[PDB]
Amino acid sequence: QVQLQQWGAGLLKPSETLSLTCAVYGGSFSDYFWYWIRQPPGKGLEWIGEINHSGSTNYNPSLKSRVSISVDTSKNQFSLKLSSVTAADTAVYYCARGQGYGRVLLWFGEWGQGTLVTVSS
Amino acid sequence: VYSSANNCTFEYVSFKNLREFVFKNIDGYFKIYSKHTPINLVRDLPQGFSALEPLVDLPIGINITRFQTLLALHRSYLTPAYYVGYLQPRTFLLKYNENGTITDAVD
Amino acid sequence: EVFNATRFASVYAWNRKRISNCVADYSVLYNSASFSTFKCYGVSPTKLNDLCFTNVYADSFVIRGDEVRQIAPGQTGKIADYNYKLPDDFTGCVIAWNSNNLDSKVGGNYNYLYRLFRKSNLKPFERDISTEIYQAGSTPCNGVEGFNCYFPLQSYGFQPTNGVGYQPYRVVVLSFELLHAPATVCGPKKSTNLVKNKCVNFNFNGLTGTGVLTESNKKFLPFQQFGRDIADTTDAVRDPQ
Amino acid sequence: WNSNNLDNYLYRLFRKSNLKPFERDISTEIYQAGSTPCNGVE
Amino acid sequence: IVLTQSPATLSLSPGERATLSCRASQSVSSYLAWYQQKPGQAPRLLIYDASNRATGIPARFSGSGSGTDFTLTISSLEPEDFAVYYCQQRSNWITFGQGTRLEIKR
Ligand SMILES: *[C@@H]1O[C@H](CO)[C@@H](O)[C@H](O)[C@H]1NC(C)=O
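Protein chains in written order, with PDB author numbering: chain H, 1 to 121; chain C, 159 to 172, 186 to 251, 264 to 290; chain B, 340 to 580; chain A, 436 to 442, 450 to 484; chain L, 2 to 107.
Fair warning: there could be bad hints in the mix.
Stated by the list, open to error - Estimated spans, in silico, between C-beta atoms of each pair: (1) B:343 x C:279: 32 to 42 Å; (2) B:558 x C:214: 31 to 41 Å; (3) A:441 x B:427: 45 to 55 Å; (4) B:537 x A:478: 30 to 40 Å; (5) H:117 x B:468: 51 to 61 Å; (6) B:362 x C:169: 16 to 26 Å; (7) A:468 x H:75: 51 to 61 Å; (8) B:462 x H:56: 27 to 37 Å; (9) L:79 x B:467: 40 to 50 Å.
Treat the hints as calculated values from the structure; they're not laboratory data.
Yeah, the Cβ is synthetic: ideal placement off N, Cα and C, and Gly gets one too.
Based on the sequences and whatever the hints tell you, model everything.
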C-alpha cells in the first residue's frame, strides 16, 4: 500500500552509473524527508540517502558521493541515481519515509538490488 | 502631549464660574454627578444650596485608591484655584419641590 | 467586521480580537445559513444569545478545512499541538465555512503556513509564534538545518486540484469569559407596544408590574426614569423608548 | 447503588420542557434549533 | 561510534524475557531505535525516538535503555519473533543500527 518500487537498478560493471526509480506507490509523498539505505548482501542496512520535503537533497556524510538524489515532485518519488559506481557501492539499495522524531524512516519498499558485478548468474 | 497607551482595554469619547463634581465609586461604577454656576465673588463659593445630577455610569470596575488633578501652562519642566472635600457615610433628609428638585437638606 | 472580513493570518500565528459590550445576539447570527460548522461547546447559541461575558474574543485563520476536528477540546496532531490548542473548557463555538472558495489561489495558495516543526505542546490559548530550528536529532541545531535539524514552518499549499480534504476552510475560534465586573454584551432586549388605557402587565427596562397606563401631564428631569410617591410606590414611568 | 459489574440505556437531549412528576415521554423527533422542519430526513 | 548487541545469536526458546543490549559511547538516548528484519523483507519501524514503540508491533518489546548502554526488553520470545534486531543510534551522522543482532527461536 504505502510502498516504494525499488526499480531502475541492474547488473553493472563497478565503474559506470545506475538508477533507482524507487517509485512512491500509494504515497501523497510531498510532505516527508524520504531517506535511503544500503545493505551489503548478508549484513545490516546503513542509511545513505536523505531527500527533504523542505529541500536539502543530501546523503550520508560518510558517503557524500557523486550518487545524486532528488524527488520528481511531478511524479513525487525519490531518485537517488547511482552515478559513477565504484567498488565501495557494492550492496543493495532501498528507500524509506522519514520524519526524524515526529516519525522516523518508516515506510520501506521491497528491495532494490544493485548487481555491481560484470558476471551474470 | 502626554499619552502613552499600552494594551488598552476600552475607550469612550463624548471670576466666571464654579464647577462641582462628586466621584463616588461603588458596584464597579465610577458614578460622576456634576453641576456648575457663576461666581461674582471670585474668591469662594457662596453658601447656596445646589444638587448635582447624575451624569455617567462608567462600568470601569477598577479598585481605585487615589486621584490627582491636572493643569498646565506652556513650558515648565518634566520634573524627574480649587478645593476638594471627602465623602463619608451619612444620613440626609432631602426636600423635593414641585418640579422635583433637592431644595434643601438636613444633615 | 471581525467575522466576514477579508483574509487573516497563518494559524501558527493565529490572531486574536477583543469584543465589547454592545448587547448582541448569537441567534441573530446562528441561523446565518453559512456556518458549515457551528460546533458550540459552551452552550447552544439559541441559548447563549443573552449570555453576558466581560470578555469575548475572536480568532480567525486559514487552514486545511480538516483541522476543524483538531479544534475540538481533546485533540492532538502536529497542528492541534503545533499550531494551536484549544482548552478542554473552551466555552465557545467553532465557526467556519470554507476557504477553498476564496482561498484556492488555483496555482497553489500560500500566504498561510504552520510551524509543523514546533518544539512545545501548545498550551491552551497560547498565541506563541516563535519560529525555531528544533533538533530532529542531536546535531546541535542552533541554526543547523539539513539533517537531524529543520525549521518549523511548512507550506499550506492549497490547490483546487487537490481535494477538499487538502483544501482550506476559513476557520474561526470563538471564546468568551465573564469575570466579576460589570459585564459587556447582554443578549437581546425585546419590545412590545405601548398598549394604553387597559389593564396590562408591563416591563419597563426591568421595572415589572401590572396596571393601566395612561398619559400624564407630569414632567421631570431628563435623567430620571420613573417616579414614586410618598408611600414608595411607582406611579410614573418614562417610556424607555 | 453504583453497580459497574453490568454497567444501551439512553435518555434524551432536547425537548419542549421538563414534564411533571412521574411522566413518560419516549419520542424520536428533531426539535430543530433552526426553522428546518426536517420530516424523516436529517 | 559503533553500537553492538549482547546475544549476537540468541538461541532462545519462545516465551522468554528476550532482551537486547545496545552499548554506545556518544549517548544519544534522545533517539536510539530498535528494528527487527525478516530476511527477504526490508525492516521498518519497530522502535525509535527514546522508546516510542510504533505499534502494530506488540508491546512485548518493552523498550528501555538510556545513557550509553541501552536495552530493549522483549517480554516473550514467540513463534513470530525469529529475526534480526537493530538498535538504531541516530541524532547525528551515525544513524546506524546494530551489528545485526540475531535472535534464534528455540
Ligand atoms: C417649577 O416649574 C414651574 C412651572 O413649570 C416654573 O415656573 C418654576 O421656575 C420651576 N422651578 C421652581 C418653582 O423652583
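Worksheet item: Which of the listed hints are broken here?
Response: Structure breaks hints 1, 3.
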